[PDB]
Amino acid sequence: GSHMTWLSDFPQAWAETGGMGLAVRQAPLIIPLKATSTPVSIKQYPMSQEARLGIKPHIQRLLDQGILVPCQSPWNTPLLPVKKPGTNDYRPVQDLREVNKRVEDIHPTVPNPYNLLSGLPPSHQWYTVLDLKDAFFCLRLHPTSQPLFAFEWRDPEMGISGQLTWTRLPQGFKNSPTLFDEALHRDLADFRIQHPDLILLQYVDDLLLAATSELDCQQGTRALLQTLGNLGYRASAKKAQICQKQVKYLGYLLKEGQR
């Protein structure tokens, strides 16, 4: 009915009103390195405070959430302050290229879009699209593993004087997409069995549910949201697509036709 009916009836699931997610059934991830890689410490390109504090709030919510924590490893990558053109709208992009080229490489395992969507029968024509905000942060990076992603950052005001590292899957990592998509596939393994009349599509952090009735869809969406909630994930309510007869899933479009 109202977006808020869904929002209020399931605050545990939504990212907006429900705290940052964290895959609870998911063990810390180890990041196996290439048979012979060795720590490489790239240096932080001189950064103009004008831009540092322009990106500081970003590091803050992360430092506070414990997703970014102090440390000191022989690894190091540059933090690149990316300013959206024509706006003091700064955001950090870690250049994890070196690290990436020393970390063993995992083969992808992602359902090419098109096909995946093609298998969906005319029977199920009520869709629900959801995208788990901050999907990678939901996955814990094993202890003995975070040193790799360390980037230099000093803030007396935050008890940081050297470098932070991640405790979750950081954007910019190459195996991040295939690892997550897999864990989520593993956490929705049960859910799909629970609902043999629903079709559950997922591309890493993008999910689509299709039912034969708006009701079956609604109920399916509840059981759905609720399963992600307790699991630790968090759906984006602003970009939520709720029991609708037509939706955009993966740059695609879907009720009685196509793109």
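Residues that one form lacks are left out of the comparison. Only the largest set of C-alpha atoms that superpose within 1.5 Å between the two forms is called the rigid core. Numbering follows the first chain given and starts at 1. Compared with the form deposited in another entry:
The residue among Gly86, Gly162, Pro143, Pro74 whose Cα moves by 2 angstroms or more between the two forms, once the core is superposed, is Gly86. Here is what shifts between the two forms when you lay the two on the core: runs of at least 3 residues, every Cα off by 2 Å or more, at 84-88, 154-160, 257-259.
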Contents of the next structure:
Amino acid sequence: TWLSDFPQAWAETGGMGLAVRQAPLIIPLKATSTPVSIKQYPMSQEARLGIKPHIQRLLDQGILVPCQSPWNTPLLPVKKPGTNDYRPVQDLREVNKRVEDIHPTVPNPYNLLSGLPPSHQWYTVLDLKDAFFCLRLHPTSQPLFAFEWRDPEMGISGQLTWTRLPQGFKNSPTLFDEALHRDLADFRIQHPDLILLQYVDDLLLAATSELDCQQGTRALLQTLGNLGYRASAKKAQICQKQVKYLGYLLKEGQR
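Now show me the form deposited in another entry; what you just gave was the form deposited in one PDB entry.
Just the single chain follows, nothing else.
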């Protein structure tokens, strides 16, 4: 039982993650940027009620904190179903435009998979849960991602912001990918025979023998857990001959 031997490595039994080895991230602005404050678009009670539980959970988790900032972007009520449950989606486009660009270092899936040799037939796929939220944001950069939150009946001060790398920020995928690479560098050095592919929060470990894949997976889960990341036990594909990775179906070394 992998879930039992590695309690800390799974999102199911390890609690929200936090990359303890990673220094809080500082987000540099473009040379001429000035704060932009876009008023919150009026939200219906339906959308607000649907979103509230999520905001509360994040505040309880310390991922969202009250603040007073010259920056402000609108929260969008987005429901996946035909018209069911709502979830908060922040429109950070005006913030993204004022943030200095960085080199896109995340490889496209096609090129990433090209590094998978035929020799390693035993695959293991893990996806990290709430990956961006595992990376802390430096207090100086936190104000940048502020939005307004007002509960008609006892609403928070006014604005809330993130203490972790947020969704909707143009550099999140790249910064997370680079941070995880730094954290798993040693693991790669300690396991020369293993093949590890990283695509932001989607990991593929490849070994030659079921045994290698087994021991390798134990080591990877142990490492991820200690670093503060959390993998989804529900979606985990362990030591399989066939697995689904990045939209592909890896079987017999195909795709």
